[PDB]
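In the form deposited in one PDB entry, a lone chain appears below as structure tokens.
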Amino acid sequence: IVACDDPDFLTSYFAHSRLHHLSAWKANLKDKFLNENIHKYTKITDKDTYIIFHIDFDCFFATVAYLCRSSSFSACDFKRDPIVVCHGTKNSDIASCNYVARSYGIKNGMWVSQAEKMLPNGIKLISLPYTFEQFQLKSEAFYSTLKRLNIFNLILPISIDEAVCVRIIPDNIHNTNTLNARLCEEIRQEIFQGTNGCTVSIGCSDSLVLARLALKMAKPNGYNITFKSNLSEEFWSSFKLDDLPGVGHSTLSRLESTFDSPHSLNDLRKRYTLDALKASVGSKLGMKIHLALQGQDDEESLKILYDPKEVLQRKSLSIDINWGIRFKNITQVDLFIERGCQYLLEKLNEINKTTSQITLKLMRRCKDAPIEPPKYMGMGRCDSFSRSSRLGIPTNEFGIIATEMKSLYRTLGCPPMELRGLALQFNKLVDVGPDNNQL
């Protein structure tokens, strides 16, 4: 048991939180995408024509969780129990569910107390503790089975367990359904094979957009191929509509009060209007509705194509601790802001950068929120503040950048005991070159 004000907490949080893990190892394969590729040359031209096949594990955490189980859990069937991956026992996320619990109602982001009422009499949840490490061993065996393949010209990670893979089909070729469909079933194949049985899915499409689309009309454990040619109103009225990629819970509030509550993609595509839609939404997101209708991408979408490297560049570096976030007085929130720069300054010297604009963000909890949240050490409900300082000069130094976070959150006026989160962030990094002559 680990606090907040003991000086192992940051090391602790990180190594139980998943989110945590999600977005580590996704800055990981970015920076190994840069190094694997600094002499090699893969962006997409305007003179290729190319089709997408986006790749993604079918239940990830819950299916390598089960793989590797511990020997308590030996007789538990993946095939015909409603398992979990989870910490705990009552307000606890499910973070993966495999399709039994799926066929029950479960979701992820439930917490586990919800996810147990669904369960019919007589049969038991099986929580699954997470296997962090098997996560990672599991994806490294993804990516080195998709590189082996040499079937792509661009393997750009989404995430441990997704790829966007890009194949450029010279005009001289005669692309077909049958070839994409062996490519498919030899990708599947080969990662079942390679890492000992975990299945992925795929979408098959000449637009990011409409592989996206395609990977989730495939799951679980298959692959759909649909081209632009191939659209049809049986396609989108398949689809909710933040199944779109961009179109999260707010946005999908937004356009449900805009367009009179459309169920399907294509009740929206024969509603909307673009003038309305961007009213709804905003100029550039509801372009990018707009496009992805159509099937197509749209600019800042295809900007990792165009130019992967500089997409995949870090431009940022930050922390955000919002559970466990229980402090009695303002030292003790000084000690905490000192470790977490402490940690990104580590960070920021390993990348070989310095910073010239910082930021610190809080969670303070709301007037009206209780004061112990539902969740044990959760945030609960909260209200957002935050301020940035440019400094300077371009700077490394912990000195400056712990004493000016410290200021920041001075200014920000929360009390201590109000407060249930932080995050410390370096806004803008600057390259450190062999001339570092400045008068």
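Numbering follows the first chain given and starts at 1. Each form is matched to the other, and the largest set of C-alpha atoms that superpose within 1.5 Å is called the rigid core. What changes on going to the form deposited in another entry:
Superposed on the rigid core, the two forms differ between the two forms by 2 Å or more at the C-alpha of one listed residue only; from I123, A141, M217, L335 that residue is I123.
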Contents of the next structure:
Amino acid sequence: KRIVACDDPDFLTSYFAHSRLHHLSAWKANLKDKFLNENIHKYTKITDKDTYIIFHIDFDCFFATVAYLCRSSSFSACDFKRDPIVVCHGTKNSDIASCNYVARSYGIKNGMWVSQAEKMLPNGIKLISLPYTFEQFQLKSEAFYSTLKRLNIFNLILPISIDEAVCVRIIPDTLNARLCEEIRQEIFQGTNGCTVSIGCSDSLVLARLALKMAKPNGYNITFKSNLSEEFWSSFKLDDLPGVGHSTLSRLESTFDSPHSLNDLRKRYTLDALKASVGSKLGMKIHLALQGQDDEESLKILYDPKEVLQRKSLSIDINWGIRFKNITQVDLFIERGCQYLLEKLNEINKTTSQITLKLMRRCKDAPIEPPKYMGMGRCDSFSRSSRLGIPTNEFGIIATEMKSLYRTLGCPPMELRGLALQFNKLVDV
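Coords for the form deposited in another entry, given the form deposited in one PDB entry:
Excluded here are partners and other molecules; the one chain stands alone.
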């Protein structure tokens, strides 16, 4: 109890031990790495020639399911099929990391604050809050990835996240369904009762949309040639990979509030799209509306080893930042460089470019924000330098980081987040 402050040497350790988002990133980094280690000697690239089917397999409301199966004895009255359940730390402006399908029938979403969520519940319905079980999430994930390997279905299994793989079958030329049913059952068994859904298709996009359509505990096939208006009609605009809130808001402002992908698909033209959301995103949406992948997403198939290679390394801290003087800032920066170099050295690399980035309180914003210890509303400031020679040297990197800070000139009492980045990584 009593939370470790930002001027304490053990701050990173304690914050990261508690941050589900730090865990997400770490798990992701390590899975990519395990993938490179496991395939150093295997041949990997898929070609133009190849014909393939994608199975996109993902646990259903992952943290909520896993935290329910391991729920402490206090919560035994609790029922997963009948009660709305969230995993979070607090009771007010605290992020819901995962909610079960009961909560989502009230409109509760991942990443909503608890206070916001409880407001959506009618009289007589209670939110149940479960705590994080970081260890168990990882055990379930290992069961998951080992099970997939053990069945002998895929030519490749690309880890995407702690609870999600893109698994590919190379076809040389109805089983697709028997395969989805089998995977689902073996994972439910391997995992002691966690549920996975599957989207299967002949492109990464449609596999992803199919995954959504299948979602609570099911599978869906849909190929490029199965596309109907019924299908497009069932998706919000942000159900496209690569579309999030700001693109959604741009799409709405451009094409008179389409409410589903079918509406969009009916009103859009390429150039209007390109002009709305950028030219590359525009093109990707266009291809997606025809069930087709853009060239960028396809790299993960043609050169897995290149995409999964780590090209940068960083810390990004945006909660609990409160400093009174520059000496504190420097010590924190040094400590952050000690943490990062230890990671640099673990992966046998050096850097030749570094960036410091900071969130500074907006001139308008209250000194204390509604989120307890939160960054509140901020401006970004950013500065990078190329290093003379690739190096892993503390003296060189910490000195330049502290110098990047004086150049941005954010008074310490105004700092509300800090990021330390090694931007280009040179193998030893």
